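Only one chain is shown below, in structure tokens, and it's the form deposited in one PDB entry.
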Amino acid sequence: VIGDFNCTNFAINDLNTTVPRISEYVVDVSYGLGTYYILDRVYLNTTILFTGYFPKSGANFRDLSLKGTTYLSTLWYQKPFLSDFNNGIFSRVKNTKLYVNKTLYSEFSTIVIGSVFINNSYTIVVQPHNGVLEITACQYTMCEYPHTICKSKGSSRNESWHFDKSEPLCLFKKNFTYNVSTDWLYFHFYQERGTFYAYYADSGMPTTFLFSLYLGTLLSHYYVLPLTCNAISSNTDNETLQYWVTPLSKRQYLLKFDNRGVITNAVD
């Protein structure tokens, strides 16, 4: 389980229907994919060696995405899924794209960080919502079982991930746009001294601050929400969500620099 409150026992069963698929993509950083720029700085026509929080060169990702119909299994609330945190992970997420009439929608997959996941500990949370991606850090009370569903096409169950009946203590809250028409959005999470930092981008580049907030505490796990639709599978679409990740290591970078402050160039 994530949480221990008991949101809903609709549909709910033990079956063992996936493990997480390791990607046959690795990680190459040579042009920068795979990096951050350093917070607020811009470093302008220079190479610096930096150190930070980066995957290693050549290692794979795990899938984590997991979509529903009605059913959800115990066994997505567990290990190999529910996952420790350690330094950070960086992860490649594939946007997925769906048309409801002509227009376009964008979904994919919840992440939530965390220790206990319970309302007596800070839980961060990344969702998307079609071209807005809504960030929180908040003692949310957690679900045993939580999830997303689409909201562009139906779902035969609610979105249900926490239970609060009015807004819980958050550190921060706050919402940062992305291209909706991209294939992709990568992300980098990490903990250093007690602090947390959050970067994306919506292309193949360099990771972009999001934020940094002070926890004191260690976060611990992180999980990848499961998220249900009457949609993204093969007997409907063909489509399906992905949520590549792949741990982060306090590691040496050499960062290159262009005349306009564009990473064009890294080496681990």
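Numbering follows the first chain given and starts at 1. Take the two forms, superpose them, and find the largest set of C-alpha atoms that agree within 1.5 Å; that set is the rigid core. First, how it differs from the form deposited in another entry.
The comparison between these two forms, aligned on the rigid core, picks out a single residue among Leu219, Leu33, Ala201, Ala231 whose CA moves by 2 Å or more, and that residue is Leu33. Core-aligned CA deviation for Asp14 between these two forms: less than 2 Å. With the core superposed, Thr47 shows a C-alpha displacement of at least 2 Å between these two forms. Once you line up the core between these two forms, the Cα of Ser23 ends up 2 Å or more from where it was.
Condition change, the form deposited in one PDB entry to the form deposited in another entry:
Just this one chain is shown here; partners and other molecules are left out.
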């Protein structure tokens, strides 16, 4: 389970759907994937050695996205999907572009980052709403079996990842826009000295700082929420979710900046 609040028992089973395991892909930073822009500094036409929170090059990404239709598996809410956060994670996220009457809609998996996921602790939640990235850090009463829905194509079940009938205490609540037309989003989520840090990019690969948040406590787990949809499958549209994650660690990188200050290349 993620939280311990019984939000529902509608269409839950124990099936091991990942007979083909958690999908894998290899980290390659040679074109600036896994890197970020440094503070308020601009470097031009140069190579820098910098120590930052970065992927290990040649490590695996795990695809933790979980598309459902009606049923949820209890095994989706356990290890290996419920994951240790440690120093942080780098995410490579597919923007699943769906269409209704030729209007484009953007979907991708929510990530929750926390410790015990109980309403006596703060859970950071990062959720897309078709070009708005809603980010909150609140004392959420997380469900046992949290998930999101396609609001675009609909779903055979209602959205429930928390059950707070009155608004919970929040340390953070902001909306960041993102370009609904891009194929990929990139995120760094990391912690240092009881402060959480987020970086993202919706365009290019090197991420830029979104926000930081003092928590005063260690984050220990993260979980990519299942998304339930009547679309996003081979029998209906051949679309897919992908939410690739890999661990961060404190690493020295070479970073190369072009004559317009973009990180074009890196070495671990």
